[PDB]
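This document starts with one chain, in the form deposited in one PDB entry, laid out as structure tokens.
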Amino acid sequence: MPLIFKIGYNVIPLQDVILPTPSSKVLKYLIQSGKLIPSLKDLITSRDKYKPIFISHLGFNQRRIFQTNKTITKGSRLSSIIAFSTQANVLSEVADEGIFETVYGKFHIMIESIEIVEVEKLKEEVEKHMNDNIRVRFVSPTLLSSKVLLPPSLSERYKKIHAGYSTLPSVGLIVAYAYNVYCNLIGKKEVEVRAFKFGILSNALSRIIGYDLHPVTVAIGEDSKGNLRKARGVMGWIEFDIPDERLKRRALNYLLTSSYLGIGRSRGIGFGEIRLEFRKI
């Protein structure tokens, strides 16, 4: 019943431009003004935990434009991806092959790809990867709060203290996040304990085969006057396996969903973009 649309955009600037932080802001404007698919306003303004919307950074060459600082200054073939779920017909809108104008300047947007999938059909994919090593690549700065794997019982005890991010991703944190997102996506509540136990159990019984990670500092804007805001997250890749069949299946399932909506905080602004890959033994 619920399903995900992942649309691949081609964005070209006409003049030379300095992109804001984060770079996804441009497209947000197109939504926040009802220039591109307005039926997302609520979703883009939403403050609900683990909301099912992902608006990626633009990416030049085979990379997503890193921030922390400066400019592109050149009309070129930029890339974008937007992923989401909701009962509102997106197929009615989309289109748009001409140019648009923002407070950030003039852009020409196109569509390169359309992918639509129903979340229950991805369970079909899972079975063909039950003998693969799972490699998760963080193609954008990924922010994983540690408290996510805190026992729900002590939630109020440490409710005030902000422990910050685990810039070193455990398997359990990744699958716990994937689970939370999946869960909010398919409209299942009171799930804290299932999430907690899933994460703990998963990284207690996971085998980490290889990895190449690096901590990065991400800038996320100013707001309001006169501040300036910025976090620490992770980038790179990680390859692991879960010898338990049931655990592996659940994990693969949730992970496939995150392969569209992203992982960790705060996917709503382009963070936590991931690519899923596999290897045979």
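The term rigid core refers to the most C-alpha atoms you can superpose between the two forms while keeping them within 1.5 Å. Positions refer to the first chain, counted from 1. Compared with the form deposited in another entry:
Only one of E192, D132, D96, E112 has its Cα shifted by 2 Å or more between these two forms after fitting on the core, and that residue is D96.
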Second form
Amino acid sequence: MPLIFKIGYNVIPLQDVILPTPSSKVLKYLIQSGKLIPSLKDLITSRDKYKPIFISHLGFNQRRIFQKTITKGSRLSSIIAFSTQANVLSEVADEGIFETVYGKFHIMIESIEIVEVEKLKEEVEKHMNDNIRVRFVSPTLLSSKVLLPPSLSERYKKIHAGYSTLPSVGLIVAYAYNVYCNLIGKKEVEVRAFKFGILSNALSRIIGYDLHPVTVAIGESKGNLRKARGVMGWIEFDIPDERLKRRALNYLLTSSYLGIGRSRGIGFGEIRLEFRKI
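Show the same protein again, this time as the form deposited in another entry rather than the form deposited in one PDB entry.
If you are looking for partners or other molecules, they are not here, because only the chain is given.
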């Protein structure tokens, strides 16, 4: 029985500040420097695929700051979600005034939520008759080769397809499946994820969408800046196969906390999951 922690933070700059690229770095720094929740150091540092940690970009108002100095007064928001076997329980309430390279900040907890993944299955059943709407509230980076036939992996290693700015259902649920599997210690699921995604976009029906490509910024190292293309907007679909829908709902429910796609550890692929009765 593994758990997911979701902490909402208020982040206030104690001076006029210009935010780093990407914004998540600030809070990341605090965890890295062991200033808050030091027992996530490993998880922040891990280079492991689909690792269950998401640290968001800072949000202003109710929208993530899309990447410009920020005033001393401003009230920024952050969200961190993660799962670890480590005992982190005493540390999660960590807050206070902190000094970072980017400047001084007042970090105040707004919320703490603890989720048992087994209990998330209970939520699935109440949604088995709703349309599923996935909304990308931070730029989402979905690699197309996630639905490459795994036998062809060596063959097309040097091919850079990049990120689908036009996500299929199968790609979304295959990604969620990968993160979910890594979450519960299930290993070697390449084939299963592939078949799951292929069957999903063969059987799912897309009800509606409002999708647009987005150009996203990432840091600078030795001078080399980073940029990419991803997608934002939302998509609404249904799956007319029960088993497939139950699984997809499971993985997406986990994704509502941990994010979706590539580089969730620095704030990409933040989604909101919505449902609508028939």
